[PDB]
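Take a look at this single chain, the form deposited in one PDB entry, given in structure tokens.
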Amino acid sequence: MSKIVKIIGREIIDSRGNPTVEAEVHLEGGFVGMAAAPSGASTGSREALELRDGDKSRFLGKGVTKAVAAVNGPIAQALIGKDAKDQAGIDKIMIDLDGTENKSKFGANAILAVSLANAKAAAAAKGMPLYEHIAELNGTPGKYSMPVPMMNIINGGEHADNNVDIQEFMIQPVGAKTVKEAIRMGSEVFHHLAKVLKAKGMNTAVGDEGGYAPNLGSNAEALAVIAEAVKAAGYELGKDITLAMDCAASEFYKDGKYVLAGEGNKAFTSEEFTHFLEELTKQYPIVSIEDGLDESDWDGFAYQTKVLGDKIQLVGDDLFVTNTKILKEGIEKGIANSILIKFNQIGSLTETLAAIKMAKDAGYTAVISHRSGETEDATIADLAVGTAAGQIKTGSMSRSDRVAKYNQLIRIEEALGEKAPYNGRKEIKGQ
């Protein structure tokens, strides 16, 4: 009923200065939606293909003119005249026309940008916000929550050129009563952490995700300075604020072993790394650990899930790449208990909702996530609210590539009130 009349793709710039794909979907009657594809750095090997040009004379080879041409040409022609409200039909047309398993013909960045822009245009045609339309697409209309955020305030790994191997150290304001209060608590701790770091003579410039990127004596020292900032900010660690990590351990898995390069190449077997992580959760209220082993180390993950899974949320990111075919095998093999949801790992909104539903049906939690390369787009805020996912990972409290998502969450909660409860700690698997 809400026909597409024009689709426009363009090459814009992401939060790291690299090209990415932006799409506009226009409907008859004037309704418009616009979205952009984010871009990972620590990309899992089974993510759908992010199509780049490889022309060394433009953007050091990282242009996206081929993906943009797919949007403007073959994708646009296939969608003119179709009903924007039929999200699954729209995504199927693009997915099938591409015809490859990993979306390597058009690029997952082309298809995703159109997929999200289309859903926004359809929401406008229905006179409703995206989160409300998403809940209708999800078959759960009017069912909302404001997500509990995990905020990455010390950056390492591929996200910063410091000596920290662990990618992300996060705080979660589970004690807050609203997402608005959670955001302030994160801001206050983040600012107190800068004072803690300067008093130790450590660097307070920020990494890709807006967290500080100091050099540390060990990876675990990040937890120590975060604990100091939480206290100096006046909050009680373990009651007002809990802790989460994204190891991105696929980035330091070498020759069957996990090697912490920043700590003199200290080496661990899969077992030993699981018990290293276990000991950190006894010293600190770490309640969530993402990608604690390599994406291929399923034997290791089965062991880690038996050892930690009853007590800790274990989030598969590169492990599952937001892909129901992989998540399904994990559920049947007792692998992890949570999935990080990145719609550019799979490339369409419809496939993303399927991953979220499969998680919830199995009792796994779903954490809606940014990528380390972001734009001013705030689609994941509407996605987390409109699926009542319960958790979001969208960066530190600095850089607008992160904070724009927090601002959209503030606006949505203002609009929804008690219709979008902030459920706090119990959202986290094992709490």
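Under this definition, the rigid core comprises the largest set of C-alpha atoms superposing within 1.5 Å between the forms. Positions refer to the first chain, counted from 1. Compared with the form deposited in another entry:
The one residue among 225, 135, 260, 353 whose Cα position changes by 2 Å or more between the two forms, with the core held fixed by superposition, is 260. A displacement of 2 angstroms or greater separates the C-alpha positions of residue 160 between the two forms, with the rigid core held in common. Relative to the superposed rigid core, the position of the CA of residue 269 differs between the two forms by 2 Å or more. A movement of the C-alpha atom of residue 44 reaching 2 angstroms or beyond is seen between the two forms when the two forms are aligned on their rigid core.
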The other form holds:
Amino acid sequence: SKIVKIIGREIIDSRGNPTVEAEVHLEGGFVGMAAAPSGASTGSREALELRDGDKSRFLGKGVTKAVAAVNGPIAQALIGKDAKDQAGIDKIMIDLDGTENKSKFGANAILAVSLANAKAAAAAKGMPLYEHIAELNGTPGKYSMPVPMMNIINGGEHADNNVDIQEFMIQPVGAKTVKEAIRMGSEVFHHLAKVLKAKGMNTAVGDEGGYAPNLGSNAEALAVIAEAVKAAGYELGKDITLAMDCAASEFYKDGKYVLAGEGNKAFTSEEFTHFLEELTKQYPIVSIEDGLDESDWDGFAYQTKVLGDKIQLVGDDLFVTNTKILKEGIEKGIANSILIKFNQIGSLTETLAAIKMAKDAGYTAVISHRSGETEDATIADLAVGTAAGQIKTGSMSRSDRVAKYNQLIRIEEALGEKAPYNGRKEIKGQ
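Switch over from the form deposited in one PDB entry to the form deposited in another entry, please.
Next up is only this chain, free of partner chains and other molecules.
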């Protein structure tokens, strides 16, 4: 199914910043279209998106250069090529970019084209993208509906309150389908607004569609959620479990961990993990992301020891979707899970490779959104088509989040029990 035309354009993301969209058109008229979510334009360990830095446009966040890469050199190198050969398409772009971190064309240029191509190929085969991804994965007809961790309360750098933990999430583990899991998420989300209103707190939303109210402490955060869950008529632990993202690099000071929100007690790697431990016995927190700084490997080894058999330990900043760090982390015994952000690597073939590496080590792969998203719902098809088992795609508001939940509903409607919702058991240590 030969590529005949590829159209790159600058559109706007969920935060109002430019990103790259690509359309890939094939002989026969098949078309696929995808957009890159927001990434990093600087950084040493991840694929870099290309920003223009022209201060007279979008405050320097233009993507006209990445768009020109798509329309010119990338397109020209792909015209006449077989869209079905995803590995081959991805390879052409990676080789032509010629850098290790995709910094010449931008991870934004290459990823948009990678995903649009996969979509066009699925169309040429008369199948949904999730079906085509399973085929690309060498696992045809193997699916699941992912268990979502839904943002609900934000702290740390993601708010202006006295909560130290960056986000608390809910997971509707007791649902029997993803449709039911979405409904439970929605109900708790609305009951949470009522609870915050009743305390005269703010219910405006952040980038990921959750609340960032003026909570006095971490414990106040956990308490309002527990209250919302009960108000919604569910039981914490059985129906709904808790996940968190510490973003522990944020309070890492000269080898120690300082949590202002709590007496400023400045913990050692060791004491911070027992502190987390204490939360996990007090609340059904079953997943902790970036529970220590990403350089603090000897500390992570300790956390993985203490909590690893009981609790999901997710690397985001820790791994940044980088198989070299992941490989190294598996052998050392660091964490048990990994956040998968396809823009941190930059192609669908490399993404499939990262997921497979995790899986092969018994690590869980959590398919993740970014802070800056679009209406694009590719990660829904990705989570299902790789049977990853878990998704992190936002709260139950903002269409940049809820488009993904909607696509999951559509997919489950088509697949039924061919894509089981496995609930609690997807979560590492559960």
